[PDB]
Amino acid sequence: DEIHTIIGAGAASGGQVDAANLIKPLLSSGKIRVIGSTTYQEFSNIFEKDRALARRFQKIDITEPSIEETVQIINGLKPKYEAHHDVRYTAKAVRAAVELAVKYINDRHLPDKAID
Amino acid sequence: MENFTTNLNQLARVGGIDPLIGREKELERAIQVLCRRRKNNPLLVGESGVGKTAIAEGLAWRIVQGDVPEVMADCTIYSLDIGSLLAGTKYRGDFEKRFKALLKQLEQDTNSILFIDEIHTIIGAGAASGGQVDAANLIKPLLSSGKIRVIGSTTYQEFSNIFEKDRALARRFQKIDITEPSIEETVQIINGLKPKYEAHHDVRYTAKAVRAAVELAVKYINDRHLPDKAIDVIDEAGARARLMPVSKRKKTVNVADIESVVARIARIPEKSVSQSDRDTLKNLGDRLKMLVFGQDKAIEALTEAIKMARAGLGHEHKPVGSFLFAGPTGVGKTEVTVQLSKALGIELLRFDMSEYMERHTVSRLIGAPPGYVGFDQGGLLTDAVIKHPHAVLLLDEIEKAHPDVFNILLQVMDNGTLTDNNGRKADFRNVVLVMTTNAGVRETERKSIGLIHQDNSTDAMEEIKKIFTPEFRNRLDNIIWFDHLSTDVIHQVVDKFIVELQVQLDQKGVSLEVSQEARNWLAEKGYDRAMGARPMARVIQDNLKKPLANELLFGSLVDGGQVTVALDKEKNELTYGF
Ligand SMILES: Nc1ncnc2c1ncn2[C@H]1O[C@@H](COP(=O)(O)OP(=O)(O)OP(O)(O)=S)[C@H](O)[C@H]1O
Ligand SMILES: Nc1ncnc2c1ncn2[C@@H]1O[C@@H](COP(=O)(O)OP(=O)(O)O)[C@H](O)[C@H]1O
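Chains F and E, in that order, are what the protein sequence lines are. Under PDB author numbering, the first residue of the first sequence carries the number 285, and numbering increases by one thereafter. Under PDB author numbering, the first residue of the second sequence carries the number 169, and numbering increases by one thereafter.
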């Protein structure tokens, strides 16, 4: 996870600064399949940085869910939120969290803000 | 945890924590955050001297007092003594077992909240021993699981450097913006703390002294936020009260003692903190008119604008004033600026804008972007102003500057401040901005065609309107147009130049007496409406300095002497023997 964060020094300075160097040849041989995790701007600077990894990983474009999908993820977890807060949300309230957040949250994507 | 954390609720119960003054919404937001199932670790982010830590203590107070909802009431907040834990250094050893014991006690007690002051020690770091790095890794899952809650405290600059750099925390912590309190709240804070200062210094303060410390510090001390600057004024007044009057021992501090410390703390004159320099301002019109001749409307326009600003009519966030000077060459448009700064007793900060024609000016005036050599500078402009908050700032020949300088100028004209590339800011509210330009010097030599000449001059100001766009022009207090010098002015100009010649001659033991006729003669020889006063200097040098130089070096004035000049009927300079 967050593969773009181990590009510096492994978990932290003093650890495997060469973790990437150990991974490059196993990926090349296919010994361990590796699933990466980067962000849109991190990919272009993390994988493109070194061909030994850029030429090993395939890019999958992940985008946000729609208004009704945001409602579905809230509804998926709704029972937990209700249990967690000892509350009940109306169908309208869930839709409003999504429908209104897109007019006010502005900068962060909807899937989390409607949940927040 | 018994020797690593401090029970803040216990401090509130024993009296270690005082009741918080104001900040009701800050405490409510911290509890709103703590009750969330996601992102439930509040972080108090601000500036030094605003109560960030006072608020965290303040929450423990309310938790104990019973001023919070039953969900939070009787929960326990403990601070983390980072120094005590790091002290385990030899090493861990006990560092790790005790940190883990702390986490186990906190994980088991889900009613426990830690308060971590100076959070940047751990977050974005942990480097103090390195032990705080895996300690953070052992905290993160418990924040996530809802077992341990953490209230942090840092500054805006650290926040960006420590929390915005780690996604795990971005998803766990909630920033709360902490600003300074009001004037009244500051007074209440001082009076709450006050006995601790009075007891220390063996002084007592009047109610007025406390109010004055808060208000005068705002007016003149621009380095900090209210709680601490006002407290520092109180403490400084206390410190001088117990120090200065050794033979008198006055025990009560009044507003007068507050004014003396504010003047010193603020780096302003002891008079100016209260009493203005009314006479300095009254005399500007005449002192400047006696140095630069013929520009009477210009001197008055400048003088009046300064007085209005000094009278308090304008905006407190803006510079003292901002004026563009323009006109023909040789007319004193720079000379008057130099004399202004002298007349006011203010140091002149001068930049020649011809030195900033490239795109590499920002890197010098503001400072290089981080990573570049020179990022270490606050910017030549920024640094000059911070060192000299009271200043006359001259940007010579602004039309030669690379256009990016205008963005710098537009910001300052609107907000009175310029930040650096590192976090410091210049305060321009006490400086006078003068920019000069020669756009308006463009002119011709050609006359009309005919037997009778007529004036074919163009309309001045068009040369400015076509260079300086409205965004700039609309933010100036004024544009001062300077005129051409008249022949009466030339006679006055000759006299000041003759005086300068005499000063140089005094250094050699030589007395020069030029007749009035000789002066009228020189005034005529050097008059040129299109070149201002610069030709007068040439005329004097050519007619008087020249023969003096020969005598000073090779002849009769070697040992000093007498020189006079008479005018011939033949229009010759009948210089004197010696
Ligand atoms: N009106 C005046 N009265 C007395 N002295 C003057 C006057 N104007 C200029 N001076 C003197 O001041 C110097 C010339 O000053 P300025 O005209 O201010 O130079 P400047 O500001 O750079 O403008 P230009 O357009 O580049 S020449 C010389 O020493 C003198 O000409
Ligand atoms: N309205 C207020 N009432 C009382 N104290 C305040 C108020 N506002 C700010 N403060 C100050 O807030 C706190 C700032 O310093 P503090 O929180 O103790 O530690 P730190 O220097 O790490 O921020 C002080 O306790 C207190 O002087």
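I should point out that these hints are in silico values taken from the structure, not numbers from a laboratory. We put the beta carbon where it would ideally sit given N, CA and C, even for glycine. Hints should not be assumed to be uniformly reliable.
Now the in silico label distances, taken between C-beta atoms and shown as ranges [stated by the list, open to error]: (1) E:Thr278 / F:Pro363: 17 to 27 Å; (2) F:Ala380 / E:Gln276: 20 to 30 Å; (3) F:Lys308 / E:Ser313: 33 to 43 Å.
Are any of the numbered hints broken by this structure? If so, which, sorted upward? 2
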